[PDB]
Structures are given as structure tokens and as C-alpha cells.
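A.B. asks: Single-letter residue listing:
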Amino acid sequence: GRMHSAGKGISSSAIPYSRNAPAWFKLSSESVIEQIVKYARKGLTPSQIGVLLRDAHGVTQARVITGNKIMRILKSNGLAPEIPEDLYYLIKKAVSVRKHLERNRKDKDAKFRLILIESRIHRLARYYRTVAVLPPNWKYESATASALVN
Amino acid sequence: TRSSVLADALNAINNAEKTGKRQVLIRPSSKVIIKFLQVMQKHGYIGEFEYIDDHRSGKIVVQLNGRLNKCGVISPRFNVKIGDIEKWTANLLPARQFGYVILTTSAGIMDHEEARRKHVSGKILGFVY
Amino acid sequence: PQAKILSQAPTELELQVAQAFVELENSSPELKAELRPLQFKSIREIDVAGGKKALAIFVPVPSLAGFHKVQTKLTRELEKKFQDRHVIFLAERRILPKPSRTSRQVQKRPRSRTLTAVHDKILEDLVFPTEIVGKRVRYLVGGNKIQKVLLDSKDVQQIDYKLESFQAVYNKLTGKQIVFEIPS
Amino acid sequence: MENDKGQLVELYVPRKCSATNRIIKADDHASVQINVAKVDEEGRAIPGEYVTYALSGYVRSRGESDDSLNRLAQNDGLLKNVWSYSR
Amino acid sequence: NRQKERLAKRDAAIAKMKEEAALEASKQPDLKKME
Amino acid sequence: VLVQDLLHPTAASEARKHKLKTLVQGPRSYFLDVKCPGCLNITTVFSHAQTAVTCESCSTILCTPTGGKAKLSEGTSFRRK
RNA sequence: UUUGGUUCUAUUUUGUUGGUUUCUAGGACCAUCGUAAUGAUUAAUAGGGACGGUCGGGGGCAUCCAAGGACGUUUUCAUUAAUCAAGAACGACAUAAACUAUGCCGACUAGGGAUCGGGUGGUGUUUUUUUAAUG
RNA sequence: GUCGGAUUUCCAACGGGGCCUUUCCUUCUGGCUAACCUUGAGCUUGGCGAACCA
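Chains as they are written, first to last, in the authors' numbering: chain Y, 2 to 151; chain b, 2 to 130; chain U, 4 to 187; chain a, 1 to 87; chain x, 120 to 154; chain f, 2 to 82.
Among the clues, some could well be false.
27 angstroms max Cα-Cα, derived DSS-like pairs, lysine-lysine [to be verified]: (1) 138/U x 124/U; (2) 101/U x 157/U; (3) 7/U x 146/x; (4) 22/f x 151/U; (5) 19/b x 25/a; (6) 16/a x 19/b; (7) 20/f x 138/U; (8) 138/U x 148/U; (9) 70/Y x 148/U; (10) 56/U x 83/U; (11) 82/f x 70/Y; (12) 76/U x 22/f; (13) 76/Y x 111/U; (14) 175/U x 55/U; (15) 32/b x 22/f; (16) 111/U x 84/U; (17) 157/U x 44/U; (18) 32/b x 124/b; (19) 36/b x 101/U; (20) 101/U x 55/U; (21) 101/U x 84/U; (22) 43/b x 71/b; (23) 43/b x 138/U; (24) 36/f x 70/Y; (25) 124/b x 101/U; (26) 36/b x 84/U; (27) 151/U x 60/b; (28) 32/b x 101/U; (29) 148/U x 60/b.
Counterexamples of contact, computed for chain a against chain b with all Cβ distances above 12 angstroms [what the hints assert, rightly or not]: (30) 12; (31) 19; (32) 20; (33) 29; (34) 36; (35) 38; (36) 40; (37) 41; (38) 47; (39) 51; (40) 53.
Think of the hints as simulated: they come from the structure by calculation, not from any bench. Ideal Cβ placement from N, Cα and C applies to all residues, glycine included.
All chains, full assembly: derive it from the sequences and hints.
C.D. replies: Given below as C-alpha cells:
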């Protein structure tokens with residue numbers, strides 16, 4: 002696909018066929034749940050959590066070790082962010098690009114990529130509004146984008 | 002993007018039979034593919050086929066005989082009443098003695114002859130001869 | 004007592020295996036109180052082509068990990084205790100029917116309560132110490148489907164004599180025919 | 001094919017390829033008929049006793065005549081370990 | 120949620136009775152290890 | 002080839018392909034259990050480590066991230082788990 | 001099956017028509033008791049996002065700034081997607097023989113070698129510190 | 001078995017219904033109580049409401 006480019010490259014993860022996994026892991030479920038809540042207490046996104054349990058310890062996926070996925074147990078433990086991580090990284094990239102544009106006016110490909118980034122932002126905002134993980138009337142504007150990064 | 006999975010399935014069958022190979026891989030295996038190949042199998046057009054399952058959607062391996070001329074899909078699935086069944090078989094079949102138009106009715110997916118016997122109609126899926 | 008190990012329905016043979024359960028409970032203190040909390044719902048007799056019948060022991064679903072901890076040991080004692088027998092532990096799961104158009108809605112049916120999900124679960128629970136590496140379905144020209152299950156080649160010595168017993172009990176329970184293969 | 005009651009019709013029921021099981025047309029001038037003589041316990045072939053394999057022009061033109069000939073030769077038993085099902 | 124409380128109560132009861140009989144199991148000697 | 006076994010490809014050619022192009026897709030990576038000099042403290046490290054993984058007891062970093070398989074440090078003792 | 005409290009309506013009758021009620025009959029609201037296997041579909045060779053080493057005569061500014069593709073991934077989301085009237089940005093004011101004179105997305109179908117970016121393996125070659133890791 | 005018409009115990013095919021396999025495929029007041037454990041001796045005195053409705 003790659004709507005905002007022309008690349009057709011396929012590069013991703015190949016999840017193993019073993020749904021119950023991996024018969025060499027000795028820690029318990031509650032051990033890794035307390036690991037995720039301790040690691041998310043200090044302010045990390047769930048992608049960083051997944052890679053950091055993937056490489057420091059033996060965790061293939063948190064979905065197959067526990068019974069459920071990651072921000073399911075984060076929202077059950079009360080550590081769900083007010084906006085999820087993908088939209089947050091998109092809007093922080095947007096305000097960084099807008100800071101570049103207000104610094105340098107003539108970076109005109111930066112204008113083009115800013116329109117691309119806000120297109121992705123509006124698509125994710127529409128999807129998050131129709132599933133109501135965001136309230137309706139929530140809208141992205143630049144003045145609230147400067148402070149919405151938090 | 003990949004819209005009609007059955008269309009890509011039947012296209013793979015058509016290309017493999019035109020090249021002359023006796024086996025073909027299909028990705029990614031909806032239910033209507035399984036019913037379609039069951040209908041083609043019960044009439045002696047393909048033979049045995051195999052359902053590989055990964056945990057995503059599944060793959061089909063079909064052993065092909067030399068008995069297939071063309072299988073095809075009809076997109077979109079038009080609504081077909083009783084008179085439109087023989088208007089369709091007049092339209093897109095080779096002859097009046099063989100060839101089968103496949104349609105899904107509320108009593109399952111079947112060819113036009115046993116749909117005539119059950120006296121039911123539905124939505125047209127495709128054809129095989 | 005033998006009545007405590009039985010959950011609801013008393014017959015003679017489940018009382019006998021409950022006596023075997025409490026006899027294994029009082030002996031072997033290394034595994035004592037590991038088999039104490041668990042009870043089993045029911046017992047089923049399966050006839051196989053080999054002539055040695057099968058004890059399908061249906062247990063509660065939430066207690067299944069407790070059987071999974073000590074399953075090899077208690078199954079070995081259960082083969083020893085009963086001659087010409089093969090013992091298997093299954094979890095009695097609930098199948099909820101598919102809601103039709105005319106029927107009134109009874110909540111939302113969870114996806115673990117469908118027929119295919121519980122059939123795959125009891126197929127996994129037949130072969131416990133091995134792990135299934137792949138499945139296939141043979142669609143024959145006569146219309147019959149025969150499902151082939153591939154087992155991981157490690158530790159197959161526990162279950163290699165019991166494969167036709169697995170085929171018989173799966174054919175009785177689900178009405179589908181399966182063939183086991185070991186890729187090497 | 002037939003009409004209603006006997007009287008066999010359809011002159012020239014055509015041969016069919018032994019590889020892809022398609023029929024061979026009358027002017028398919030690339031189609032061949034391989035005739036293999038069989039041997040009876042002495043190392044010598046008997047004149048008039050054959051097995052026969054018809055190959056169409058399409059499979060021969062694609063170059064796939066030899067692999068298919070391997071497969072039907074090994075299927076009839078006169079070949080031992082040249083063609084593999086697993087490729 | 121009465122159901123989660125009931126689940127936690129039955130889990131705690133099972134664990135407590137398991138530990139209570141595990142004390143008696145540790146009190147009893149093992150002829151299997153000696154053999 | 003016009004007749005071949007798509008059900009049972011040979012092990013060499015099914016190990017030859019890309020990881021998504023096989024019969025069923027699966028990962029070609031693996032986990033190692035690595036012991037560091039000094040304290041024992043056996044660790045499990047994924048092959049494409051993606052970060053500077055250290056021992057939990059002390060800053061004795063075992064792998065540095067690399068765009069493919071991550072390189073391991075000079076003094077280790079690792080096994081494939 | 002139950003056990004509380006609140007509230008509303010109500011026939012046969014109690015000796016009659018009206019008036020105060022109780023039990024009962026039927027609601028609706030509230031409380032905590034017990035029943036259940038307590039309850040969330042995969043993670044599409046779909047897509048978005050994080051991460052790691054890179055790669056590019058990409059861009060701007062001055063003489064650093066952010067962005068992007070591919071690769072790798074047992075990381076995260078979960079169908080967020082394809083094409084697009086109106087509208088908008090850029091375009092040697094809105095043009096061109098703006099061309100691949102060939103719209104975009106998706107699948108399949110014969111090959112062969114060279115090349116670019118990445119990755120895997122080969123006790124392969126060479127260099128360093130003959131020898132390691134790199135390259 | 002009638003003099004080119006038609007039947008029955010029958011091998012088969014084709015579509016239908018009912019029951020069981022974890023599979024309620026809404027139920028309350030009423031009546032017919034229906035198919036009634038209802039059996040009087042080989043056609044009698046008494047089961048569950050839709051198969052009939054409100």
C-alpha cells in the first residue's frame with residue numbers, strides 16, 4: 002500500500018505458529034504483569050515495553066504469555082494514556098515539522114510532508130472518533146498541538 | 002487492494018490449468034472457496050484438494066485433472082430470480098448438456114440444476130465447465 | 004473420601020478411580036497436595052480398534068493447569084492401576100448454539116464457546132505433552148474430510164502407542180476422522 | 001457421445017495426452033506417440049508388444065516433455081530413481 | 120463485581136488448603152526417594 | 002516442473018525461501034541464553050537485540066544493536082535455547 | 001428458587017354504596033445473597049506507529065535542522081483501507097512532446113545474467129595486531 | 001396379473017419432515033386436554049394447553 006509514498010516493500014514480523022509458547026520460559030504470568038506495570042510506571046510506550054521484554058528477558062509476545070494484550074492490562078491497571086501512542090507520535094512529529102517550517106519558511110518539501118502528516122493525523126482521528134476511544138468533537142489544531150504533546 | 006478472494010482463487014485455477022500444471026496454491030481461503038471447490042469436485046472437474054492452515058487465513062492446494070476448460074467468477078453477485086437462471090445459462094454456458102452455473106441460495110451454495118430441483122434462487126457466484 | 008474427588012455424578016467406575024486418586028494422594032508425599040484440590044466431573048468409556056478401552060476423564064476447565072502440572076505422573080499411575088486401558092484427561096467445555104434470525108438474543112456468544120473452538124481445544128487436550136505444529140484437512144473426492152494433525156517430534160514416547168485411541172475418542176466425541184503424523 | 005438408443009455416433013473419438021490429459025487435435029503436428037518395447041526375462045524385446053505414451057504439442061513445446069515422460073515412466077515401474085514427486 | 124470476589128475467594132481457599140496439606144506432605148517421609 | 006509436491010517441499014528449499022514465502026510463515030530468528038564473565042546470572046537475549054542489553058546485576062553490556070543480527074561482545078558464552 | 005426496604009394499581013368479597021386498611025394478586029424502584037468455564041476473534045506476503053544499523057547528485061539555511069524509502073524485527077495498534085466530484089498544496093502567473101505518448105491498487109502466469117540498497121550463511125579470500133570483531 | 005392402458009411387496013435416484021448427538025428452534029393465564037402413565041376381558045373410569053384458539 003504505502004499511501005504517502007510509492008514503496009511496495011514487505012518487511013514485518015512473522016509470529017510463530019505456537020499459540021501456547023515456548024516451553025523453555027520459567028517465569029509466571031503475574032511476574033511479567035508486574036514487570037509491565039513497573040516499566041510503564043516510569044513512562045514508556047507499549048512498543049518500547051514489547052521490545053524491552055523481548056530482549057532483556059525471554060518474552061516472545063505478551064499476548065501469549067499472559068491471557069491478554071498490553072494496553073488492555075495497562076487500562077485495567079489505570080496507566081492508559083489520554084491519547085494512544087501512534088496518534089501521539091504523529092502529532093509530535095507534526096509540531097516538530099511545524100517548528101521547522103516556522104523556523105525556515107522556504108523548506109517547501111517540508112510543507113508537502115506537513116500536509117501528508119496532517120492527512121495521516123486526520124485519518125487516525127476519524128478512526129479513533131468512530132470507535133470512541135476519543136470523544137466526539139475532538140479536533141486537532143496547531144495551537145492545541147503545541148501543548149497536546151505533554 | 003484484494004477485494005474478491007474467490008476471484009483470485011478462480012483466476013489461479015484458470016492460469017494453472019492453462020499452463021498445464023496438475024497442482025495449484027490458493028491464498029487466502031474464505032468459506033465460499035471451500036464450497037466452490039466442493040461443487041467443482043463433486044462433478045469430476047478437479048479432484049482432491051487440501052486445506053493448509055496457518056493461523057492467519059489458510060491456503061488451499063488443489064490437484065488438477067485435465068477435465069477443466071474454464072472456471073470463472075461473476076462480480077458483482079447479481080440477484081437472480083427463477084427466469085434469470087436460464088437466461089444466465091443461455092448467456093454464459095457453452096452448451097445445454099453440460100456446464101454449471103454456481104449460485105449461493107439461502108439453502109447453501111449450489112449449481113443451477115439442483116437449484117432448479119430445490120426450486121430456490123439467490124445470488125450468482127460463478128460458473129464452471 | 005471417594006465422594007469428594009467426584010464432582011456431581013456418582014457411578015461405580017468413577018468411585019474406583021476416586022479410590023485410586025486418594026490412594027495416590029496419601030502415598031507419594033512429593034506430589035501430595037498437588038493433586039488434592041482438583042476434582043473431576045465425569046468418566047467416559049471409549050472402545051478402540053485395538054481392544055483396550057479408553058478412560059476419557061472430563062474435568063472442570065479452570066482446574067486444567069493443575070492437571071497440566073502433574074499429568075504425566077498421574078497418567079502413568081493410571082495406566083499401571085488399570086490393565087488394558089488408556090487414560091486421557093479432557094476439559095468439559097460448553098458449546099453454545101449459533102443464534103439464528105428468528106431466535107431471541109441471549110447476550111453475545113463468546114468465541115471460546117463455539118463448536119470449532121472447543122473441538123480444536125479438545126484436539127489439543129488429547130495430545131498434552133506434545134505440541135501441534137500443523138494441521139491439514141484432506142477433502143476427498145467422495146466428499147469426506149479427514150483432518151491430519153502434525154505433532155512435534157520431541158517426547159512422543161509418551162503417546163505413540165495411544166494414537167489410534169486418540170482417533171477413536173475424537174471420532175466418537177466430534178464425529179470427525181483424524182490421522183496423526185510426526186514430521187521428522 | 002450417443003443419441004437416444006444405440007447407434008454409436010461421433011466419428012473419430014480423439015486421443016488424449018498422457019501428460020496434461022487434454023485431447024489432441026487432428027492437425028497438432030507437434031504431438032508425438034512414444035512407443036516403448038517391454039522385455040520378458042531375457043534382455044530382449046518382443047516385436048509387437050508395447051506400452052504407448054501420447055504427448056501433446058503444448059507440453060513438448062514448453063520443454064516439459066522430458067519431466068512428464070520421467071513421471072509416467074516411473075509410474076509404470078520401468079524407471080526407478082529419476083523423477084521425484086518432491087521437487 | 121461479586122464474581123471476581125467469588126473467584127478470588129475460591130482461589131485463596133484452594134491455595135490455603137493446598138498449603139495446609141502441603142505441610143502434612145512435608146511432615147510425611149518419602150519411601151520413593153529412599154528406594 | 003509441472004508436477005510437484007506443494008504439500009511436502011524439501012527441507013533445503015523451504016529453508017531457502019523468505020520467511021513469509023514458505024508453506025506456513027515463521028520466524029528465522031532465535032533466542033540465546035548467554036553467560037557473562039564474573040557473576041553467573043544467565044540471561045536470555047533475542048538474536049536481533051535492537052538495544053544495548055546488559056546484565057541486570059551490573060553494567061556489563063552483551064550486545065550492541067545492528068541492522069541485522071546484533072553482534073555480541075568479545076567475552077560471552079552463549080547457547081541456542 | 002430466594003431474602004430486604006420503597007412505590008403504584010387492583011377484583012372477589014368481608015352486610016350494603018361510599019371511607020380508612022391488612023393479607024393476597026400484579027407492577028416498577030432499591031439493597032446484598034446465591035448460579036454459572038464469568039465475559040475482549042486472528043494478527044491478512046492489508047495498513048499505520050515505535051525501534052536498530054544504514055542508504056540517497058532528496059530539501060532548506062549558513063559556510064546545523066527536520067523529513068523519506070528499503071531492509072531487519074517472536075515490538076505496538078487493530079481494519080484504521082483502494083480510487084477519488086467539490087476543494088487544496090506544488091509545478092521548468094498554473095502552462096509543455098508535463099512522454100513510459102502506457103491512470104492507480106490487488107492477484108497469477110517463461111526464463112537468463114549484470115547492477116543498486118539491506119539482510120542471512122559459507123572453518124571461502126585479503127587487510128589490521130601473521131591471527132580477533134569490522135570493513 | 002387389463003386388452004398400446006394401469007397396480008402393488010421391490011431393489012435406486014430426487015427433493016421434504018421429525019428425533020438424538022453439550023444444539024430453546026420466546027413463554028404466562030385460560031380452556032380441547034391432545035397425541036392421554038390413561039387397559040375395563042381383547043375399544044375402558046383418571047397423563048403434560050396449541051396439534052384448536054383467545
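A.B. asks: Hint check: residue 148/U vs residue 60/b, CA-CA at most 27 angstroms. Holds or violated?
C.D. replies: holds, 16 angstroms
A.B. asks: Would the hint linking residue 7/U and residue 146/x be met if the CA-CA limit is 27 angstroms?
C.D. replies: Answer holds: residue 7/U to residue 146/x is near 23 angstroms, not above 27 angstroms.
A.B. asks: When you check the alpha-carbon spacing of residue 101/U and residue 55/U, does it fall within 27 angstroms?
C.D. replies: Given pair residue 101/U, residue 55/U is violated - Cα atoms ~37 angstroms apart, limit 27 angstroms.
A.B. asks: Checking a non-interface call: every C-beta of chain b should be farther than 12 angstroms from the C-beta of residue 47/a. Is that right?
C.D. replies: holds, 32 angstroms
A.B. asks: Does residue 138/U pair with residue 124/U here, judged by a C-alpha cut-off of 27 angstroms?
C.D. replies: Distance ~13 angstroms between residue 138/U and residue 124/U Cα, so the pair holds.
A.B. asks: Decide if the proposed pair is consistent with the structure: residue 43/b and residue 138/U, CA atoms, cutoff 27 angstroms inclusive.
C.D. replies: Holds, because 24 angstroms separates the two Cα atoms, which is no more than 27 angstroms.
A.B. asks: Test the statement that residue 29/a is away from the interface with chain b: the closest C-beta pair must be farther apart than 12 angstroms.
C.D. replies: holds, 19 angstroms
A.B. asks: Would the least Cβ to Cβ distance between residue 38/a and chain b come out above 12 angstroms?
C.D. replies: holds, 26 angstroms
A.B. asks: Assess, step by step, whether the Cα of residue 70/Y is no farther than 27 angstroms from the Cα of residue 148/U, and give holds or violated.
C.D. replies: Roughly 35 angstroms separates the two Cα atoms, so the pair is violated.
A.B. asks: Take the C-alpha atoms of residue 32/b and residue 101/U, compute the straight-line distance between them, and say whether it is at most 27 angstroms.
C.D. replies: Holds - the C-alpha atoms of residue 101/U and residue 32/b are around 17 angstroms apart, at most 27 angstroms.
A.B. asks: For the pair supplied as a hint, residue 43/b and residue 71/b, confirm whether the alpha-carbon distance does not exceed 27 angstroms.
C.D. replies: holds, 16 angstroms
A.B. asks: Regarding the pair residue 32/b and residue 124/b, is the alpha-carbon distance no greater than 27 angstroms?
C.D. replies: holds, 16 angstroms
In this structure, the earlier hints numbered 2, 9, 12, 16, 17, 20, 21, 24, 26, 31, 32 are contradicted, and the remaining ones agree with it.
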